[PDB]
Each structure stands twice: as structure tokens, then as C-alpha cells.
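Undergrad: Here's the letter readout for the chains.
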Amino acid sequence: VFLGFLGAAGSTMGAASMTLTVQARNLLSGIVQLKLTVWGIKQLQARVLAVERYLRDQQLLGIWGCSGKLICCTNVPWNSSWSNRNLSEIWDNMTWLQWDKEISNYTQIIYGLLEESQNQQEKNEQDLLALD
Amino acid sequence: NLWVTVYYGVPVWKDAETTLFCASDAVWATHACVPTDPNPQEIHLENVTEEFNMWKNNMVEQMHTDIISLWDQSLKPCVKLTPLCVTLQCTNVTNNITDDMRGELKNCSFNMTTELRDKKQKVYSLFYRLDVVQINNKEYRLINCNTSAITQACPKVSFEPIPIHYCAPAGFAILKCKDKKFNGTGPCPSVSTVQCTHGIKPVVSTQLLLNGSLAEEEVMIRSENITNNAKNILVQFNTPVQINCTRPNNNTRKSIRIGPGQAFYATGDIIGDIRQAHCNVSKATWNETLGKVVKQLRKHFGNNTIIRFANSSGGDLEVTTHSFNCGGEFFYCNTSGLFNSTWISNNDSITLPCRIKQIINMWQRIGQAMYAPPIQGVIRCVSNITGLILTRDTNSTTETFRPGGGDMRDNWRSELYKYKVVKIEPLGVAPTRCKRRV
Amino acid sequence: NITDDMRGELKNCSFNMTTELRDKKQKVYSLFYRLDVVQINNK
Ligand SMILES: *[C@@H]1O[C@H](CO)[C@@H](O[C@@H]2O[C@H](CO)[C@@H](O[C@@H]3O[C@H](CO[C@H]4O[C@H](CO)[C@@H](O)[C@H](O[C@H]5O[C@H](CO)[C@@H](O)[C@H](O)[C@@H]5O)[C@@H]4O)[C@@H](O)[C@H](O[C@H]4O[C@H](CO)[C@@H](O)[C@H](O)[C@@H]4O[C@H]4O[C@H](CO)[C@@H](O)[C@H](O)[C@@H]4O)[C@@H]3O)[C@H](O)[C@H]2NC(C)=O)[C@H](O)[C@H]1NC(C)=O
Ligand SMILES: *[C@@H]1O[C@H](CO)[C@@H](O[C@@H]2O[C@H](CO)[C@@H](O[C@@H]3O[C@H](CO)[C@@H](O)[C@H](O)[C@@H]3O)[C@H](O)[C@H]2NC(C)=O)[C@H](O)[C@H]1NC(C)=O
Ligand SMILES: *[C@@H]1O[C@H](CO)[C@@H](O[C@@H]2O[C@H](CO)[C@@H](O[C@@H]3O[C@H](CO)[C@@H](O)[C@H](O)[C@@H]3O)[C@H](O)[C@H]2NC(C)=O)[C@H](O)[C@H]1NC(C)=O
Ligand SMILES: *[C@@H]1O[C@H](CO)[C@@H](O[C@@H]2O[C@H](CO)[C@@H](O[C@@H]3O[C@H](CO)[C@@H](O)[C@H](O)[C@@H]3O)[C@H](O)[C@H]2NC(C)=O)[C@H](O)[C@H]1NC(C)=O
Ligand SMILES: *[C@@H]1O[C@H](CO)[C@@H](O[C@@H]2O[C@H](CO)[C@@H](O[C@@H]3O[C@H](CO)[C@@H](O)[C@H](O)[C@@H]3O)[C@H](O)[C@H]2NC(C)=O)[C@H](O)[C@H]1NC(C)=O
Ligand SMILES: *[C@@H]1O[C@H](CO)[C@@H](O[C@@H]2O[C@H](CO)[C@@H](O[C@@H]3O[C@H](CO)[C@@H](O)[C@H](O)[C@@H]3O)[C@H](O)[C@H]2NC(C)=O)[C@H](O)[C@H]1NC(C)=O
Ligand SMILES: *[C@@H]1O[C@H](CO)[C@@H](O[C@@H]2O[C@H](CO)[C@@H](O[C@@H]3O[C@H](CO)[C@@H](O)[C@H](O)[C@@H]3O)[C@H](O)[C@H]2NC(C)=O)[C@H](O)[C@H]1NC(C)=O
Ligand SMILES: *[C@@H]1O[C@H](CO)[C@@H](O[C@@H]2O[C@H](CO)[C@@H](O[C@@H]3O[C@H](CO)[C@@H](O)[C@H](O)[C@@H]3O)[C@H](O)[C@H]2NC(C)=O)[C@H](O)[C@H]1NC(C)=O
Ligand SMILES: *[C@@H]1O[C@H](CO)[C@@H](O[C@@H]2O[C@H](CO)[C@@H](O[C@@H]3O[C@H](CO)[C@@H](O)[C@H](O)[C@@H]3O)[C@H](O)[C@H]2NC(C)=O)[C@H](O)[C@H]1NC(C)=O
Ligand SMILES: *[C@@H]1O[C@H](CO)[C@@H](O[C@@H]2O[C@H](CO)[C@@H](O)[C@H](O)[C@H]2NC(C)=O)[C@H](O)[C@H]1NC(C)=O
Ligand SMILES: *[C@@H]1O[C@H](CO)[C@@H](O[C@@H]2O[C@H](CO)[C@@H](O)[C@H](O)[C@H]2NC(C)=O)[C@H](O)[C@H]1NC(C)=O
Ligand SMILES: *[C@@H]1O[C@H](CO)[C@@H](O[C@@H]2O[C@H](CO)[C@@H](O)[C@H](O)[C@H]2NC(C)=O)[C@H](O)[C@H]1NC(C)=O
Ligand SMILES: *[C@@H]1O[C@H](CO)[C@@H](O[C@@H]2O[C@H](CO)[C@@H](O)[C@H](O)[C@H]2NC(C)=O)[C@H](O)[C@H]1NC(C)=O
Ligand SMILES: *[C@@H]1O[C@H](CO)[C@@H](O[C@@H]2O[C@H](CO)[C@@H](O)[C@H](O)[C@H]2NC(C)=O)[C@H](O)[C@H]1NC(C)=O
Ligand SMILES: *[C@@H]1O[C@H](CO)[C@@H](O[C@@H]2O[C@H](CO)[C@@H](O)[C@H](O)[C@H]2NC(C)=O)[C@H](O)[C@H]1NC(C)=O
Ligand SMILES: *[C@@H]1O[C@H](CO)[C@@H](O[C@@H]2O[C@H](CO)[C@@H](O)[C@H](O)[C@H]2NC(C)=O)[C@H](O)[C@H]1NC(C)=O
Ligand SMILES: *[C@@H]1O[C@H](CO)[C@@H](O)[C@H](O)[C@H]1NC(C)=O
Ligand SMILES: *[C@@H]1O[C@H](CO)[C@@H](O)[C@H](O)[C@H]1NC(C)=O
Ligand SMILES: *[C@@H]1O[C@H](CO)[C@@H](O)[C@H](O)[C@H]1NC(C)=O
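Residue numbers (PDB author numbering), protein chains in the order written: chain B, 518 to 550, 566 to 664; chain A, 33 to 58, 68 to 141, 150 to 185, 188 to 309, 312 to 321, 321A, 322 to 398, 411 to 457, 461 to 505; chain C, 137 to 141, 150 to 185, 188 to 189.
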């Protein structure tokens, strides 16, 4: 069922995952459509910042070997120190906003391993499987 | 065991400021602006709650400075009135004897430089005594000439407030609470979101708020700090209070070619119903609404206190009286006729005397000034009073309140409190039972 | 200070200056360095 932009924002993370694309589209949006003038360089600046805003994180997903995004798995195990809750305590009983409230503390820390571990090791390995 | 799983398109956001841009339909300053959608979208968000804070909402700051920028840009390509700064030879104007009008204008004459830079021309024009001042018939001076230069507003451009919509760029969301209750800040049980804001007219006024939005339920009292009388109070009405203001002067525009090339619009002759401009207010309506306001006040000060209303502390006319624009003309009205009452412990119509100025200073800004051209013919208009800008004045019962203003960011804030801007963060991660194979 | 070690270097110049009252002018004065000004053609 089509809910609308951010229509699942007020639901559990499990439920919300159903309709990530409805949001995804408008993360970059597009369209929009005497010189200078007020707004003359503001629509300019804003529309630029939108593009940068998008790609800055998209590239990270490019690095984190997935690309086929919205959702993908890794080979990095979850450290229990990063909010030790059960799946039903998390996915079936918590919104994404509530999630960030806690996990945001380890953002860069988790990014470390995502930015690396697998990306490093998945490769070489393959290069070696190509030996024969 | 659980693993790190990567998610994208996550419905989360952080409070953040970015560069907003306008939209409005397809006069004032708006043309270079993206047309609005024929179907503005929205969506109520169920289970979503969070805090608002109108007192730190930087949307106001941007809007304020943007409007200022627009103002200047609309004047640069217009005619400068630099050579008007000359000694004026002025005399009283014999209005219908004896003297009810008090003159208020002088039949000034002066040697003016014309298109023929060389031979000058003795001309005349009617000026308000609020615009000119005696030097040292008698000699007079345009008041602006002691502070800065003055520019004539183009006769083609208008000042009619036009509904403007604000939009955020992709990655940013416009959040809008629909909660009829709001203290000025805190959590809202009922939050929605929109593509863009509703049309807001850039109405400049002091003391009284005009042509704004209406409140639901009861009268709304909002203040950064009610107990702190160094702050002020925003009052939003529930029902439009009609005010009808008139300038009964079918006057002409003896335009004078003080070139070269560029033309000046002087004041011709004043004929017709020589009465002072004034405003008409429905008295019973005012009394009724004021009472509703006092009810609120009772609710934040006690069920055994006394409420008195009075005029300002005086001083700068711009703050002392109610200033507003109608059709290009600038009015200054004595709101003592409104703000003069009291309430205990637990037609009819009102006439408000007004004055007309032609030299004005916007947004408390010094260093420049703008000359309003006289508008030909009788000028009369009507608007909706939709709120008050009040200030809080042996402190155990009787309290006195009075009208203020000055800082016009207050006006924008009186509307934008319904909105806030947040930055979406699409990228998130979470623990999920999944080990990824090659 | 007599006699003359400073060599002057500045002149006590005066002139009919246009003021805010574009019309009646005002005789004023100002000290200028002789590196800034040059004789035309007191002088
Ligand atoms: C709170 O909100 C309210 C509601 O919005 C505001 O109230 C409005 O205030 C504005 C002024 O700010 C008023 O605008 C005036 O409207 C006049 C009426 O025009 C209509 O009737 C005439 C007469 O038959 C028709 O010809 C018109 O039709 C045409 O125009 C429309 C729109 O462009 C077109 O779509 C049509 O196709 C027609 O072409 C209208 O139906 C209007 O006459 C008047 O315009 C004159 O004055 C302006 C300056 O104000 C001049 O720039 C302009 O040139 C006009 O002057 C000519 O006509 C007069 C007539 O006597 C002559 O004297 C002049 O010499 C000259 O020839 C103006 O646009 C509006 O009426 C009013 N609305 C309401 C609901 O009452 C409040 O302003 C606001 N409060 C505050 C604080 O601002
Ligand atoms: C908004 O939050 C409310 C809770 O505050 C969520 O309410 C849940 O709504 C659904 C739909 O009405 C209910 O699900 C239905 O429950 C019955 C019985 O359990 C089951 O037979 C149906 O198959 C269905 O699941 C759910 O019980 C109800 N929860 C509670 C606490 O009453 C709603 O889901 C929230 N919306 C968002 C987008 O998260
Ligand atoms: C511009 O208007 C001014 C008045 O606002 C006119 O001023 C007049 O200027 C002349 C020349 O300076 C004065 O004339 C001289 O007066 C003295 C004494 O009366 C007389 O001795 C001289 O022979 C001569 O006439 C005149 O008095 C002065 N008027 C006043 C009111 O001070 C000026 O003429 C105007 N220019 C134009 C083009 O009309
Ligand atoms: C305001 O001052 C102006 C001058 O700055 C006065 O202008 C005078 O206005 C009257 C009426 O338009 C003119 O009178 C008419 O002149 C013609 C020709 O001389 C004559 O045929 C008519 O019988 C009539 O008198 C007068 O000439 C004009 N003066 C000039 C200098 O143009 C006006 O009177 C002043 N108003 C006040 C209340 O004093
Ligand atoms: C709302 O703003 C008002 C004023 O802007 C704040 O009032 C201030 O409240 C404190 C606590 O009652 C007063 O501090 C006390 O003052 C006495 C004398 O100066 C001193 O002896 C104490 O050590 C203490 O500092 C303060 O004077 C009072 N200010 C005024 C103008 O009366 C109130 O705190 C504000 N509320 C919010 C939430 O910030
Ligand atoms: C608002 O209305 C009040 C009256 O309700 C006006 O009060 C007047 O305020 C001025 C300034 O404080 C007082 O003027 C001063 O009076 C003393 C003595 O007469 C004199 O020595 C000073 O030179 C000066 O004029 C005035 O007396 C006071 N009137 C009364 C009845 O107390 C105030 O002017 C009003 N504001 C507006 C904008 O009209
Ligand atoms: C706004 O309108 C009010 C009337 O609605 C005007 O009130 C007048 O205010 C002045 C200053 O407070 C009063 O003048 C003082 O009166 C006493 C006694 O007559 C005299 O002793 C003082 O020397 C001084 O003139 C005046 O009486 C009062 N008028 C009435 C009807 O109470 C006020 O002037 C208006 N403001 C504007 C800008 O016109
Ligand atoms: C501005 O300063 C200049 C000097 O730097 C003043 O010049 C004076 O101008 C008047 C008018 O051109 C001259 O007066 C005429 O002189 C002749 C001969 O002495 C006499 O025949 C006439 O009756 C008349 O007085 C005057 O000589 C000239 N001074 C010099 C030094 O050349 C001018 O007056 C100043 N303006 C202001 C407003 O003070
Ligand atoms: C530089 O030239 C200026 C004029 O451009 C000369 O100005 C003169 O300065 C003196 C000292 O400030 C003034 O003298 C005083 O005048 C008052 C009133 O006349 C008198 O009460 C005092 O006893 C004293 O004399 C003089 O008036 C002023 N002149 C003018 C035109 O304002 C200054 O003297 C020049 N310096 C050199 C070294 O020549
Ligand atoms: C999970 O990450 C935490 C840090 O977030 C690691 O914590 C270390 O734990 C050991 C054992 O208690 C201590 O010696 C270290 O000093 C802790 N580090 C800090 C920052 O407190 C823990 O090692 C991590 N587990 C995995 C498997 O790497
Ligand atoms: C113009 O008329 C005003 C009155 O409308 C006169 O005002 C007088 O001005 C003098 C000087 O300021 C005061 O001494 C009087 O008290 C003022 N009268 C009043 C009623 O306030 C002024 O004299 C008039 N000018 C002409 C040339 O007659
Ligand atoms: C610039 O002119 C204004 C008047 O146009 C002068 O304002 C006066 O300022 C003093 C001091 O604040 C007040 O006593 C007067 O009441 C003011 N007059 C008015 C009309 O408000 C100001 O003094 C002038 N500046 C210069 C340098 O002369
Ligand atoms: C906005 O409402 C909040 C409550 O929702 C008010 O918070 C009170 O603030 C004062 C000052 O910090 C504290 O003394 C109270 O204990 C707070 N109340 C609670 C519930 O925490 C705040 O006063 C309100 N603002 C307006 C203008 O009324
Ligand atoms: C004054 O505000 C009232 C709202 O209280 C406006 O009322 C509208 O009036 C027109 C004409 O009767 C109707 O078409 C609308 O449906 C009314 N709105 C509602 C809420 O009832 C009126 O337009 C306002 N005037 C000004 C100039 O804006
Ligand atoms: C002031 O007194 C009034 C009654 O005169 C009180 O009114 C109550 O207000 C609350 C909030 O609106 C309602 O829940 C009650 O039902 C009202 N009572 C009645 C009689 O209508 C109000 O509580 C009083 N304020 C103070 C501080 O005590
Ligand atoms: C303030 O408004 C009151 C009315 O609300 C005005 O009261 C008048 O006061 C004078 C002096 O006491 C009496 O002559 C009138 O009869 C009073 N009117 C009534 C309705 O009682 C008072 O004039 C007002 N003040 C201002 C400055 O206008
Ligand atoms: C994990 O959930 C189980 C029930 O599924 C519960 O027994 C245990 O308490 C939970 N974890 C936490 C930290 O309590
Ligand atoms: C995250 O840690 C910061 C201090 O680094 C702290 O202020 C905040 O409370 C922490 N959040 C969690 C959920 O403990
Ligand atoms: C306003 O009406 C209230 C009663 O609703 C009354 O107490 C007060 O006298 C009234 N004011 C006017 C001017 O009649």
C-alpha cells in the first residue's frame, strides 16, 4: 500500500523497511525546474547542496560493496557493546528514530569496519580464486 | 549471532539549517520565483512526535534578510532624489477657516534644477510637516538630508503583499504540527509534513498584525518567557477583527521633470473632503475579543489579578504609533483609542486619528531612506487584524500591558512557528541475523 | 617651529566647498601634504 513520503516514519524498523523506496526517490527528488536577484543564487546553492548531500553518502555505499542498496548484508559481526538488545526488542519494538538515539554513539566506529574489513578481504581472495 | 547490516532510505532526521527558496503562483518583488505545484502534498505522520521551538527557528532570520534584500534591489534601478536637498520656502495652507486640519502641509517653493542643467525653475509642492523641518515665509529642509540620501520608489512597482511559499531542497523536510495547542515550544502529539509552506504575505506592520492566519480553539498566548517583562507577548486571534482605514483626499500629482531624463512626482493640489485620515473599528467586536484575550491572561497570572491596557511609552513615532502600508501610502495611527481599558479581578465604533508620511525608514535601518510617491485620488482600504504585539509593564495584583514592535522578525515568526526544517540521513545500520556468502 | 627643520611639507589650504546644502557653500580648510597637491599654473 502506498503510504506517501515518510509514511512509515511512525512505525517499527521492521515495518518501515517495507517502503524504503517511497522515501528514497525524494532524497534527491529532482525536477524543481535583471540578473542575480534574491533566490537567483539561492535556488542555485540549494539545488547544488542537494546533489552533494546525496552523493556524499551514496559513495560510501559504493565503497561498502553493495550498490544494490536500501538493504544488504556484510561479513562484519555485531559487537555486543553496541546496545545489547534482542531482535524482538529492536526490530519489533522500536522506530528508526529511537534506534539512532542509541546507536548514533558508535557511528564512526562501526563505519570503520564497514569502510574496511570485508572490502579489504573479500578481494585478494578472489584474485587468488582466479589463479585457476 | 548478529551481524552488521546496512540500510538506506531510513526515515530519520536531525534539526539543521539550510538555504530555503521561494515559490508563488505565476507588483512587489516576486517574479523570479518557481511556480507552486497545483497539488501541494502533505501527510499526516501517526506515532510521530517531537519538539518544536519557534524562538530558535532560523527560518525567520533568512526570510527577514531576504525581504530586505528584495527591497533594496527594487529601488536601485529607480530614480534618486539627490537634488531635492535644497532650502525650501514654505507657508501655511489656509484650510477651511478657522482650523480643524491644523494645516499639516506647507505650500513650499524652491529654485529647482531641471533637465536644462543651467537655467533653473521656481517650482512648488505640498509636503507634510512630518517630512520637513525648519532650518535655524520660513526656511525648511527635507528631514532625510541630515542622515542620508533618498530614492524615489518607482511609480510602476507596488507594495502589495503577495503570498509566498517556502521550500527546502532535497534531503531536507518541511515539518508541520497540526496541534491546535502550542506553548511556543515542546512536543507535538500530532505532527505532519508538507512539500512546502502555505502562502505567507510579507505584511510589514507594528503593534497590530494584519492579514495573518487565524488560531483554532481559544486565543493563543506565546512568549519566550512570560514571567520576564524584558520579553514580549504574541497574541493570535480566533476571529478576524475588521479595520477600515481611509484617506479622503482626491489629490493630484503635479509631476515635475527634474531630469535630465528622470522624472519626479511632486504633490499637486489637495481637493475634496478635507478631513484627517483615520481608521474605523467595530467597538463591540474589539471589546469582545479583548475580553477573550484577558481570559488567557488570567490563565497565566491568576484568578485574582487586575489587567490594564494602555498606549506605548512614547518616543520614536515609528514605535509609538501603529505603522502600516496601504496602496503605497504609509499610515501612522494613534492606537490610544484601542489600547485603553481595564478588567477587574475575576454602532458602536472607534475612530483612530492617523498621519501620513512620505519619507520613511525600513526595518529600523539607518543610512538610507525611501520616498513614497503621492498616490493620486482617494485612498481607502480594509484588512483583518489577526493578532497583537504586546509588552509587559508593587507587583501583587494589577498589571499593565502595551503595544510594541520594532523588530519585524517578530512578524515573520508569528507565522513560521508552525514550521521547522530537518535534515534527512538516509544511511543507517542495524544488527541482523545474516552472514553474507561469495 | 622657527626657523625650519620640518620644511613645512604641509599647506594650510582653504577652499569654497559644496556642503549638504547644495546651494550655499562653505569656506573650509584642511592640511595637505605637498606630495598630494601641486601648484596650478597665497597660491
Ligand atoms: C488585507 O487583505 C485584503 C484582501 O486581499 C486586501 O484588500 C485588497 O486591497 C487591494 C489593494 O492593496 C485592493 O486592490 C484594488 O482592487 C481594485 C478593484 O479592482 C477590481 O474591480 C475593478 C473595477 O471594476 C476591476 O476593473 C478589476 O478587474 C481587473 O483587475 C483584475 C486584477 O488585476 C483582473 O484580473 C481583471 O481582469 C481586471 O483587469 C477588479 O476586479 C482595483 O481597482 C485597484 O487598482 C487600482 O489601484 C491600484 C493601487 O492600489 C493601482 O495600481 C491601479 O492602477 C488601480 O488604479 C486605477 O483604478 C482606480 C479606480 O478608481 C483609479 O482611481 C486609478 O486612477 C487607476 O485608473 C486595486 O488593485 C483590493 O480591492 C482589496 N481586496 C478586497 C478583498 O477588498 C488588503 O489590502 C489587505 N490589507 C492590507 C493591510 O494590505
Ligand atoms: C502507530 O502506533 C500504533 C500504536 O500506538 C500502532 O498500532 C497498531 O496498529 C495495528 C493496526 O491497527 C494493530 O495491528 C493489528 O492488531 C491485531 C491484534 O494484535 C491483529 O489481529 C492484526 O493482524 C493487526 O496486527 C496493532 O495491534 C496496533 N498496536 C497496538 C499497540 O494497538 C500502529 O501500528 C502504529 N503505526 C506505525 C506506522 O507504526
Ligand atoms: C531662487 O529663489 C530665491 C528665493 O528663494 C531667489 O533669491 C533672490 O536672489 C537674489 C540673488 O541672490 C536676491 O537679489 C538681490 O537682493 C538684494 C537685496 O534685495 C539686492 O540688493 C540685489 O540687487 C539683488 O536683487 C533676492 O533678494 C533673493 N530673494 C530673497 C527672497 O532672498 C532667487 O532669485 C531665485 N531664483 C530664480 C531663478 O528665480
Ligand atoms: C502655492 O504656491 C504656488 C507657487 O509656488 C502658488 O501658485 C499660484 O497658483 C495660482 C493658482 O494656480 C496662480 O494664479 C493664477 O495665475 C494666472 C496667471 O498669473 C492668473 O491668470 C489666474 O487668475 C491666477 O492668479 C499663480 O500664478 C501661481 N503662482 C505661480 C508662481 O505660479 C499658489 O497660490 C500657492 N498656494 C498658497 C495657498 O499660497
Ligand atoms: C525568565 O526570565 C526572567 C528574567 O529575564 C528570569 O528571572 C530571573 O530569575 C532568577 C530566579 O528567580 C533571578 O535570579 C536571582 O536574582 C537575585 C537578585 O538579582 C539574586 O540574588 C539571586 O542569586 C538570583 O540570581 C533573576 O534576578 C530574575 N531576573 C529578573 C529580570 O528578575 C527567569 O529565570 C527566566 N526563565 C527562564 C526559564 O530562563
Ligand atoms: C499615552 O497616553 C499617555 C496618557 O495616558 C500619555 O502620557 C503623557 O506622557 C508624557 C510623557 O511621559 C507626559 O509629558 C510630560 O509631562 C510633563 C508634565 O506635564 C512635562 O513636564 C513634560 O515636558 C512632558 O510633556 C504627559 O504629561 C503624559 N500625560 C499624562 C495624562 O500623564 C502619552 O503621551 C501617550 N502616548 C501617545 C503616543 O500619545
Ligand atoms: C493620542 O490621542 C490622545 C487622545 O485620545 C491624545 O491625548 C492627549 O495627550 C496629551 C498627553 O498626555 C494630553 O496633553 C496634556 O494635557 C494636560 C491637560 O489638558 C496639559 O496640562 C498638558 O500640558 C498636556 O497638553 C492631552 O490632554 C490628551 N488629550 C486628551 C483627550 O486626554 C494624544 O495627544 C494623542 N497622540 C497623538 C500623537 O496625537
Ligand atoms: C570662495 O573663495 C574665493 C577665493 O578663493 C572667493 O573669491 C572672491 O570672489 C568674488 C566673486 O568672484 C570676488 O569679488 C569680486 O572682486 C572684484 C575685484 O576685487 C570686485 O571688483 C567685485 O566687486 C567683487 O568683490 C573676489 O575678489 C574673489 N576673491 C579673490 C581672492 O579672488 C569667493 O568669494 C569665495 N566664496 C565664499 C562663499 O566665500
Ligand atoms: C589655517 O587656515 C585657517 C582658515 O582656513 C585658519 O583658521 C583660523 O584659525 C584660528 C584658530 O582656530 C581662528 O582664530 C580664532 O578665531 C576666533 C574668532 O574669530 C577668535 O575668537 C580667536 O581669538 C582666534 O583668532 C580663526 O578665526 C580661523 N579662521 C577662520 C577663517 O575660521 C588658521 O589660522 C590657518 N593657519 C595658518 C597657520 O595660517
Ligand atoms: C567491542 O567494542 C568494544 C569497544 O566499543 C571493545 O571494548 C574493549 O573491550 C576490552 C574487554 O573488555 C577492553 O580491554 C578494552 O579496553 C575495551 N575498549 C574500550 C574502548 O573500552 C571490545 O573489544 C569489542 N569487541 C570486539 C570483538 O572487537
Ligand atoms: C502658521 O500658522 C501657525 C498656526 O497654524 C502659526 O503658529 C504659531 O507659530 C508661532 C511660532 O512657532 C507660535 O508662536 C504660535 O504660538 C503658533 N500658533 C499656534 C496656534 O500654535 C504660525 O505663526 C503661522 N505662520 C504664519 C506666517 O502666519
Ligand atoms: C539630524 O537631524 C535630526 C532632525 O532631522 C536631528 O534630530 C534631533 O536630534 C536631537 C538629539 O537626538 C533631538 O533633541 C531632536 O528632537 C531631534 N529632532 C527630531 C526632528 O527628532 C539631529 O540632531 C540631526 N543631526 C545633525 C548632526 O545635526
Ligand atoms: C512550554 O511548556 C513547557 C511545558 O510543556 C513549560 O515548561 C516549564 O518551564 C519552566 C521553566 O523551565 C519549568 O519551571 C517547568 O517545570 C516546565 N514544565 C515542565 C512540564 O517541564 C514552559 O513554561 C512553556 N512555555 C510557555 C511560554 O508557556
Ligand atoms: C478576514 O478573515 C476572514 C476569516 O475569519 C476571511 O473570511 C473568508 O471570507 C470569505 C468572504 O466571506 C469567504 O469566502 C471565506 O470562506 C471566509 N473564510 C472563512 C475561514 O470563513 C476574510 O477573507 C478575511 N479578510 C481578509 C481581507 O483577508
Ligand atoms: C481559575 O478558576 C477557574 C474557575 O473559576 C478554574 O477553572 C477550571 O479550569 C480548568 C481548566 O480549564 C478546568 O479543568 C476546570 O473544569 C475549570 N473549572 C470550572 C469551574 O470550570 C481554574 O482552574 C482556576 N485557576 C486556578 C489557578 O486555580
Ligand atoms: C480612556 O478611555 C476612557 C473610556 O474607556 C475615556 O474615559 C473618558 O474619560 C473622561 C475623563 O475621565 C470622561 O470625561 C469621559 O466621560 C470618559 N468616558 C467614558 C466612556 O466614561 C478616556 O477619555 C480615555 N483616554 C484616552 C486618552 O482616550
Ligand atoms: C533477550 O530477550 C530474552 C527473551 O527473548 C530475554 O530473556 C532477555 O532478558 C533479553 N535480553 C535482555 C538484555 O534482557
Ligand atoms: C552517547 O555518549 C554520549 C557521551 O559520549 C552521551 O552524552 C550520551 O548519553 C550517549 N548515549 C547513549 C545512548 O548512552
Ligand atoms: C466590554 O464588555 C464588558 C462585558 O463583556 C464590560 O465589562 C465592559 O464595560 C465593556 N466595555 C465597553 C466599552 O462597553
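Possibly wrong hints are sitting among the right ones.
[Unchecked claim] Here are the computed distance ranges between Cβ atoms for each label pair:
1. A:326 / B:581: 25 to 33 Å
2. A:441 / C:177: 56 to 64 Å
3. C:166 / A:369: 22 to 30 Å
4. A:170 / C:176: 34 to 42 Å
5. A:84 / B:600: 26 to 34 Å
6. B:576 / A:84: 37 to 45 Å
[Said to hold, decoys possible] Here are the simulated BS3-like cross-link-like pairs (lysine-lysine), alpha carbons at most 30 Å apart as the crow flies:
7. B:567 / A:117
8. A:121 / C:169
9. A:171 / C:155
I should point out that these hints are in silico values taken from the structure, not numbers from a laboratory. Even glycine gets a Cβ: it sits at the ideal position worked out from N, Cα and C.
Undergrad: Against each hint, give a clear statement of whether it holds in the structure.
TA: Here's how the hints hold up against the structure:
no.: 1; hint: A:326 / B:581: 25 to 33 Å; in the structure: 58 Å, violated
no.: 2; hint: A:441 / C:177: 56 to 64 Å; in the structure: 60 Å, holds
no.: 3; hint: C:166 / A:369: 22 to 30 Å; in the structure: 27 Å, holds
no.: 4; hint: A:170 / C:176: 34 to 42 Å; in the structure: 38 Å, holds
no.: 5; hint: A:84 / B:600: 26 to 34 Å; in the structure: 28 Å, holds
no.: 6; hint: B:576 / A:84: 37 to 45 Å; in the structure: 29 Å, violated
no.: 7; hint: B:567 / A:117; in the structure: 13 Å, holds
no.: 8; hint: A:121 / C:169; in the structure: 22 Å, holds
no.: 9; hint: A:171 / C:155; in the structure: 41 Å, violated
Checked against the numbered hints listed earlier, the structure breaks hints 1, 6, 9; every other hint is satisfied.
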